[PDB]
Each structure stands twice: as structure tokens, then as C-alpha cells.
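*Asks:* Next come the chains, spelled out residue by residue.
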Amino acid sequence: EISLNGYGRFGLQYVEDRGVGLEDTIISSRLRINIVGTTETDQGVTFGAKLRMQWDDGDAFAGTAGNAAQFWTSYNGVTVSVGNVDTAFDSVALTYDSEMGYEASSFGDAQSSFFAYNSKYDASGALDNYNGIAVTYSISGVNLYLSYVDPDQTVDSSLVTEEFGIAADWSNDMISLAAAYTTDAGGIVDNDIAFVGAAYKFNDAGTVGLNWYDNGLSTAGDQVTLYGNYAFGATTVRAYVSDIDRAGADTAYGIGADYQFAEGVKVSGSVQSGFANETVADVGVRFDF
Amino acid sequence: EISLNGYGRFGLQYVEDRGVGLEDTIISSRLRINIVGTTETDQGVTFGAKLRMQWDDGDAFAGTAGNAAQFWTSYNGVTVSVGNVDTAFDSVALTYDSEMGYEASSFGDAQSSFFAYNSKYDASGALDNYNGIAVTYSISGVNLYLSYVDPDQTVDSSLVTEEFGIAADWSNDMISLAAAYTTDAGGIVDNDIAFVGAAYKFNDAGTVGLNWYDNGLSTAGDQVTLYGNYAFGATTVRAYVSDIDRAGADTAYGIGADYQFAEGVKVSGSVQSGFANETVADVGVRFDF
Amino acid sequence: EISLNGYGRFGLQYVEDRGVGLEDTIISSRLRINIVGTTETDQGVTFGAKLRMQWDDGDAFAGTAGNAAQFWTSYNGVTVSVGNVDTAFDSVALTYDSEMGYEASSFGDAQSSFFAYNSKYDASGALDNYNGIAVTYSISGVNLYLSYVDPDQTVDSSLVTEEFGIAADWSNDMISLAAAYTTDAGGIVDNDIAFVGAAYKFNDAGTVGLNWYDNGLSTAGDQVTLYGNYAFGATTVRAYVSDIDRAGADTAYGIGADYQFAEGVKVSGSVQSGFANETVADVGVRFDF
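Residue numbers (the authors' numbering), protein chains in the order written: chain 1, 1 to 289; chain 1', 1 to 289; chain 1'', 1 to 289. A prime marks a further copy of an entry chain.
Derived by calculation from the structure, the hints in this document are not laboratory data. Certain hints may be false.
Said to hold, decoys possible - Below, a list of computed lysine-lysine pairs in the DSS-like style, where the Cα atoms sit at most 25 Å apart:
#1 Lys201 (chain 1') to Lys266 (chain 1')
#2 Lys120 (chain 1'') to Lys201 (chain 1'')
#3 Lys266 (chain 1'') to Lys120 (chain 1)
#4 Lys120 (chain 1') to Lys201 (chain 1'')
#5 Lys201 (chain 1') to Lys120 (chain 1)
As the list claims (entries may be wrong) - Examples of chain 1 residues lying across from chain 1' (beta carbon under 8 Å, computed):
#6 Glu1
#7 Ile2
#8 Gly6
#9 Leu12
#10 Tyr14
#11 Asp17
#12 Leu31
#13 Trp55
#14 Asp57
#15 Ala65
#16 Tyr75
#17 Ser218
#18 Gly221
#19 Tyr259
#20 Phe289
To be verified - Which bits of chain 1' does chain 1 cover? Going by a derived footprint, with three or more residues having C-beta under 8 Å, they are:
#21 44-55
#22 119-129
#23 183-191
#24 256-270
Beta carbons are placed, not taken as given, at the ideal position from N, Cα and C, and that holds for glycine.
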């Protein structure tokens, strides 16, 4: 069995003083197609592989290709995956819940480098032998994530730096907890990052959360992000503030809205201010097919 | 929802004195696959995106990839599209109705340069930031086309040349009219081209038309094409003659046949003579799946 | 109509002293997707085209693309195909029946060069104009294969070397015969190879065969391969020995197992010894979706 899913999204992307001779506002857009092949068995074991074809405005050659394969085996809630795998740091909950706009962005996201699912190919050749192993398990309420990544599996281990990450989240009807730890993130020695987050669903239509990060060797340093959103029926209001230890940095913040036009169609917009006092705004549509 | 459609076609392509050391006749063939994702809503609005993977004999690397995405929104007969869009000049009626053979060709087609849907990627990098906006509307019988194209949307407007094109066609049961105008066609300054065409369906199985072109900065100059076809049940006979103002040019002409083998399978052939006295012939099959 | 089929496979690949500074064991894996478009007619004729997207661990750019198209027409058991076609030498029976492991390998396979379906693109540019014609016909029990391949169809014939191959196999319930002949294999002049094989199904769960090869200009020389397998319900045991005329060569051999975990899921493993005394072992899974 092979199924095809994906999405499209487009709108206006603005960034003040984007560059001399350059247009501040452009029409950013993206097309994503996921190709998933699965083989189910009566022994209760599922085999699957997926491939992704994704194009973005600006992409080289005005072309679209597939990325590197991912394979997995699920059984009794346990899933082992190989190849181009999702990572623990990128997989945990709450960590990206401050994002807004149609391009789902936020300076409130972690400011560190770490491996995460590669959607496109890479011309540099850097990923040619990038292979990983990931494991997840859901013990009702609790979620476990373990990922191991070798940027070049053909070379003798001791010669390369592997990334290892552990992560877990839990959640009842009103409180949520999440923690994650990754050593040698992004294959960079001593680049040990960490996340700890908590959220409170102070109602059905609203939630306030707090994320704290240890950005490893990032010049950003430790960082805390405070966000919240509220749902007035079909439209959602979002806001957040973020701070990093880097000297002289500005407090990052953003305010935005979501409008569920229909099932599958979502209109979003936002205005954000980065740590270097950058100003960015967006408004677009996203449709899932 | 994601649907896959497309077609295949192959046969013999002949061109007299194709080049020293080169074979005049080769087996030309093409595979085209369209990937269309759509999201319908009960509000009566449709969202969609499409991608194309097309290979042609001769293609570099003996490979096939996807091109740059196209997105659109339809509502009440009005459709707005973004990205790799169809253009007014390329979209109007009658303009390509003189073509024949399995590769659908004719020296009777307009001899000017202008933007039109890009089916493949482009290694030059020329299309990396090529973005367009197109609008069409059907007021029963009449068809409106408007397209705006910026070959590099990242650069400040005033620095690049955009193509703008308007076009409209109308048609009852026996008469058809079509006109089109595009300024700075193909992004070339002062390259303003125009088309005007009329056709008469002098019966159910036959039609005679006349197309006049203003090829902008093309050395071809103004051009008039006269074509006609007749259907004897399953086989269609086609013919045409074309003239351009370029000095010393030859009158272009071609005679060909279509044979509807089945629904979806079409056999075609033709012999044509170009303005530079080139001789070309073809015979092949085309199947839509 | 367009259908999507394919498979995924992964496991451990071992090869003793794979190279200085290199890891002997790696996780080899593959994803294959076949895109097939067909157009059926009530005249009893079928038109089709297929494309392949296949990724392998190690692939450049960590990307995946499509290869060069193949088209065909089937009628009354006769099938004519064009473009990237399957060849007679690669298509006959018994010739690859000694292979084992999840990567289906065997030093017992023919040691000659010859054209065969190209699954991926080729950066060298070598296949840009590689076009072929193949014909097969099944006269109940007997199978005929004819293939003609021109590595560069644009160039004048006399300037390039074409590969031509004939092949046929037959088979009742317990005996099987197969022969094949290809001249200028792989487009190499005087590289005439041949195969002759016979197999006996000495039971429902077992088979012993013998393949003899004339490897044309290969330094391997003539070669004979002896293989056999036995099925104990769900697990299959395989073994083989191979010899070539090349001076000082070692006798190649391998022993392996297959385990049909479910319909579509197959676990395999093997240990093999090459003619140059190479040691290789593998164990993996393959799932068809």
C-alpha cells in the first residue's frame, strides 16, 4: 500500500531592510508531498518507508526532487526507524508551540544546532552517508524518544562525532511537561543542549507555557521563552516573548492570529521582532490535501 | 486529495539534414506525470497545487525531476494562481490550433518569445526566483486571462522587467474569436506581441481559421497563419500555411493526419516545411492515462 | 490509470577489510518506487509507461530522482517496449537464481558487462541518448526475448556500437532450460557473451541448477555456477559454488537463508566468499508495498 499526502501554503513574507537592492516583501510559498509505503502483517507488525518531495520559492534550478529515505517497524506501540530519522530534540512536545504565522516561525524556538529530519537533498554532499537510528515508545500519557545519528556511517566510528538524544513528554487534561537532552548536537563536539518546558491549559480555548533552553555552544546562551494562545471559536490569537543570555540582545516578541477557514484550510499572520531587532511580518494560507 | 494523471507518447521524428554525423531520424518520446493536490471546502472555495515530472528523450543525466510548484484558488468561476503559472498568451484559444503530428507542432505557431508554464527545472538558475500571478474568469462563452510575471521577485521591481498579458476568447456553435496582448514578453523590454484569431466551424467535422500575429522584437515580424482540419469519423486531416515578414523567408506549410484508435490512444503523423525550407516529418502514438 | 508499487529493504552489510579507515559493517538500505501509467483499450491493446524513483544508502546529494522512461505496447502476449528497456540477457530465467541475502547477491552471477534496465539517472551523461527496443513473446511454456540497444541514437549508426541480444527459456513442472546470447554486450565491440542453464526441481521444496557462462571479454573467462535451495515450510536454505577460468582465482561459494515472515515481508541473510577471497555477510528485511 502506498499513500500520498501533503500540503501547500502561500502568502506575503515581509522583513524590513531585507537587503540593499532587494525587495522587503516577496511571495513565499511551499509545496510538500509525502510518499508513504506500508506493509501490514497479521502478526501485528507494520513495515513502512516514506519519501518527501518538497519545493520552496527560491530553490535552485526551479526544480523538485526526493530526499533520503526513512524506514521503520512498529509493534506494540514501539517504533524503530532507520535512515533519515526524526530526532528526539526535534520530536518532543511543547518545544515549537510558540510559533505563529503561515510559515510557523518564532524567535522563541531554540537557538541551537541539531540534527532533524532532512526534507530536501543536500548539494554539499554532507548528508551522502548520514544515517540514523531512532526509537519511540508511548506508555500512555508518557512519550519516549531516543535518537542516534552518524553523519558518515562509512567512516570508522572513532573518527566521527555522533549525536545522541533522549527526550520525554507527559500530559493530562490541563498540565504538560517535556524535557530533552542531546549530546554532540549537530555532530558538533561539546555542543550539549537541553530543553525543559511546562504548559498549563488554563481553559479549553487557551494555554500558557514556559520553555527553557541550554543552547550548547550557541552564542545565544541560555534562553527562556514565554508564550500563550487563546481560541475564540475559529480564530486563535498567539503571543510570545523570548530572552537569551547573549550580551546586548533585544527581547524577542511576536503577536499573531490563526483563522480556521475550513477543515484543512488555515489562514495565519504575524508580526515578530528578533533578538537583533529584526522586524518580520507574514500573512498567508495553508491547505492540506 | 491527491490525484495523478499524465500521458506517454512515442514514434519516429524526422528532419532532413539534421546535422553532419547525426542521424536524421530518431525515436522521440515523452513521459508526463501531473501531481495535483486539492482541498475542497463547503464554503465553495477550492485550493490546489500541482507539480509536474516530465522526461524527454535526450534529457540530461537520463533523469527526471519535478518542476516549480503552482498554487491556485477557485471560487465562482474565478481562479487566482501563483508561482509557476499559465500565461494569457499561452492560454488563449485558437492560437495553437494549427499544430499536427504526435508532437503537436506547427511553424504556424507564433514566432515570438514569451513566458509560459515551465514543465521542467532549469539548470541555468534563471527561474530560481521566477514568480507569477495569473487570473482567469469565465463569463459564459467569454474567457478572460490576465497574467503578471516577475523573473526575479527578490530583486527590487524597478530593476527587473515584468511581463504582463491580457487575453480573451469567445465562441458559439460555429464562430470563434480570440485576441491577446503581452508587453515585455519573456521579460524583454519593448518586446510587445499580439494575437488576433478567428475560426469558422463550417460543419461539425471541419473548421477553417486564420491567426494573425505581431511577433514583437522577433526577426520574423508580422505573421499570418491559415489552417483547417476535417474529421472523417475517426481520422482527422489537417493542413496549414504560414507567412512572416522576414525578408527572403519561405512560405511554411504542413499536411497531417490524426487517428483516434481508442479513447485515450491517438495516432498522428505529419510532414512540414519551415520558413528556412526545413523538412520535418513524424509518426507516433500518444496515450493518456 | 496510474498505479504506484515498490519496496523497502534494510539491514546490516558486512565485508571484511572494506578499506583502511572504513567501517566493515554499515546499514545498507534501499527504497524503490515504481510509477506505472497504463491505457487499456477494448481493441485488446494495452499502452503503458513506467518510471522509477530509487534511493540507496550512499547516494550523492542525499537525494532521489526519476530515471529515463520506458514505454510499451502489449497485444496477444506480444510486447514491444521502447526507451529504457529490459534486455534479453538480463531478462531470461535461472540466470540470477543463485542469489541470496536481502540484497539478492551472488558471485555466481555472470561476470560480464551488458546493458540492463537503468534504475537511476547517470551524471556522466553516458545515457542521455541511450535508447532501446525490446520484444518478448510467450508461446505457452516458452519465453522469447529480443533486445536492441543504441547507447547514442542521435549519432550516425555506423559510428556507434549497438548491443543485440536473443534469449529463450522453457519450463514444465520439474525441468527448466534457458539460453541467451548477446553481441557487443554493453556496447563493447567483440564483447560477445552467452549463457546456458538447466535446473531440476527435485521436489516441491527444492531445486538444483547449473549455469554456464561465456563472459566475453571479461578477464573472468568461462564460468560455471552450481546452486541449490530447499524450503522447510517458511524458511528457505540456499547454497552455491562458482568457478571461473581466470588464473589463480578462488572458488566462490555462499550459504544463506530466507524466512517468509509474512506475505510481503522477507528476512534474509548470507555469508559469501568471492573469487578474490573476499568475505561478505548480510542480514536484513525486505517489505513490498
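*Asks:* Given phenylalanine 289 (chain 1) as an interface hint, is the shortest Cβ-Cβ distance to chain 1' below 8 Å?
*Replies:* holds (4 Å)
*Asks:* For the hint on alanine 65 (chain 1), just tell me whether its beta-carbon gets within less than 8 Å of chain 1'.
*Replies:* Holds. Min distance 5 Å.
*Asks:* Per the CB criterion, is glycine 221 (chain 1) less than 8 Å away from chain 1'?
*Replies:* Hint on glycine 221 (chain 1): violated, closest Cβ of chain 1' at ~33 Å, above 8 Å.
*Asks:* When I compare C-beta atoms, does the segment 119-129 of chain 1' have three or more residues closer than 8 Å to chain 1?
*Replies:* With 9 residues in contact (Cβ-Cβ under 8 Å with chain 1), the coverage given for the segment 119-129 of chain 1' holds.
*Asks:* Under the criterion that the straight-line Cα-Cα distance not exceed 25 Å, is the pair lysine 120 (chain 1''), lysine 201 (chain 1'') satisfied?
*Replies:* violated (35 Å)
*Asks:* Once the shortest beta carbon distance from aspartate 57 (chain 1) to chain 1' is found, is it less than 8 Å?
*Replies:* With a minimum Cβ separation of about 7 Å from chain 1' (threshold 8 Å), the hint on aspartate 57 (chain 1) holds.
*Asks:* Can we keep the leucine 31 (chain 1) interface hint, with Cβ of chain 1' closer than 8 Å?
*Replies:* Result: holds, 4 Å to nearest chain 1' Cβ.
*Asks:* Below or equal to 25 Å on CA atoms is what counts here, so check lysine 201 (chain 1') against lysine 266 (chain 1').
*Replies:* holds (22 Å)
*Asks:* Hint check: is the beta carbon of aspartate 17 (chain 1) less than 8 Å from a beta carbon of chain 1'?
*Replies:* violated (12 Å)
*Asks:* Counting residues of the segment 44-55 of chain 1' whose CB is closer than 8 Å to a CB in chain 1, do you get three or more?
*Replies:* As far as the segment 44-55 of chain 1' goes, the hint holds, because 5 residues have Cβ atoms under 8 Å from chain 1.
*Asks:* Please verify that hint: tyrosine 14 (chain 1), Cβ, nearest Cβ of chain 1', below 8 Å or not.
*Replies:* violated (13 Å)
*Asks:* Next item in the hint list is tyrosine 259 (chain 1). Is there a CB on chain 1' closer than 8 Å to its CB?
*Replies:* violated (12 Å)
The structure fails to meet hints 2, 3, 4, 5, 6, 7, 9, 10, 11, 16, 17, 18, 19, 23, 24 from the earlier list, while all remaining hints are met.
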